[PDB]
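Shown below, as structure tokens, is a lone chain in the form deposited without this ligand; questions about how it binds or moves come after it.
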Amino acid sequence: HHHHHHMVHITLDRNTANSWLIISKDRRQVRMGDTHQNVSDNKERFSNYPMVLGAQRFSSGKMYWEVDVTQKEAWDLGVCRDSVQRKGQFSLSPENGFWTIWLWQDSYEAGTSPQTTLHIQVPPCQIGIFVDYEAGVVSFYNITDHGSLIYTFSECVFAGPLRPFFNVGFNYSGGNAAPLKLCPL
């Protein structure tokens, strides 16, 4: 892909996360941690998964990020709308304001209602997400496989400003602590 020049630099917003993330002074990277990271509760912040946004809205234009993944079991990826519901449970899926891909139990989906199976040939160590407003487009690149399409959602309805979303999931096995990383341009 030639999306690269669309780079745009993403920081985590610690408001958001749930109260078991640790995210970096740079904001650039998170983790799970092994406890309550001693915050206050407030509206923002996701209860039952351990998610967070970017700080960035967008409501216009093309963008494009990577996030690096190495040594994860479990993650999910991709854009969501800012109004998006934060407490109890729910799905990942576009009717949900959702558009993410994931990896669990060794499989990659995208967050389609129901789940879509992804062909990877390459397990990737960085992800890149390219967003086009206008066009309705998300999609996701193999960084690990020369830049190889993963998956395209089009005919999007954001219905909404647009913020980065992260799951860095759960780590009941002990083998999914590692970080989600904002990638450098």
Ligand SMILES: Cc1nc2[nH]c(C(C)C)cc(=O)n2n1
Given for the second form:
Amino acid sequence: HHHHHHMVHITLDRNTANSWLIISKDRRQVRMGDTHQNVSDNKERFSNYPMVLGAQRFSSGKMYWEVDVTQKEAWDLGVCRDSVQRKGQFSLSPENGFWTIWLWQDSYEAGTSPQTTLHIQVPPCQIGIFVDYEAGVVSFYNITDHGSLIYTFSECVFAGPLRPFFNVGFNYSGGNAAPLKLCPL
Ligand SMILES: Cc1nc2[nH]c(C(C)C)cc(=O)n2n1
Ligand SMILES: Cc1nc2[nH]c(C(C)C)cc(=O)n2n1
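Can you give me the structure for the form solved in complex with this ligand, which would complement the form deposited without this ligand we have just seen?
Below, the chain from earlier opens the complete complex, with every other chain and molecule after it.
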């Protein structure tokens, strides 16, 4: 790809975070805490899963950012509608307002309904996310493998403003404590 030059500075929105998440001072890293993080509840917080949104809202143009996933066992990344459900159980799908990929149990999958198997030869340590609002495209790139394409959602029906979307995953195994980190431009 050659999408780096639509690079945007993403920061995480504390107010949307699940109450067990710990967001760094610079709002560029997030990890799972070992307990509730002593915050009040609010209607924006994802209740059931270790999810958080970016602060930025996009309704036009081309946007690109990169996320470090080094030594994690489980995570979800992509974009979602500003109006996605926050409370209770739900699946990650375009019908529910999400355009995501994930790692789970040694397999990478795209969040279609039902999910799509991804074919990645070089396990990624950093993921690039490209959104073309006007074209209705969300694409995922393997920065560890010279920027190779992972997956493209096309004909997307955004139906509203978009926000960067993150899930650090649970840490039942003790092997998934590592943070998600927004990489420098
Ligand atoms: C399922 C569900 N969880 C909540 N939590 C709250 C606040 C206490 C944040 C309002 C609300 O309507 N719901 N609905
Ligand atoms: C949408 C979604 N569904 C789940 N389910 C679980 C476990 C209960 C399997 C963790 C998680 O992060 N998510 N995110």
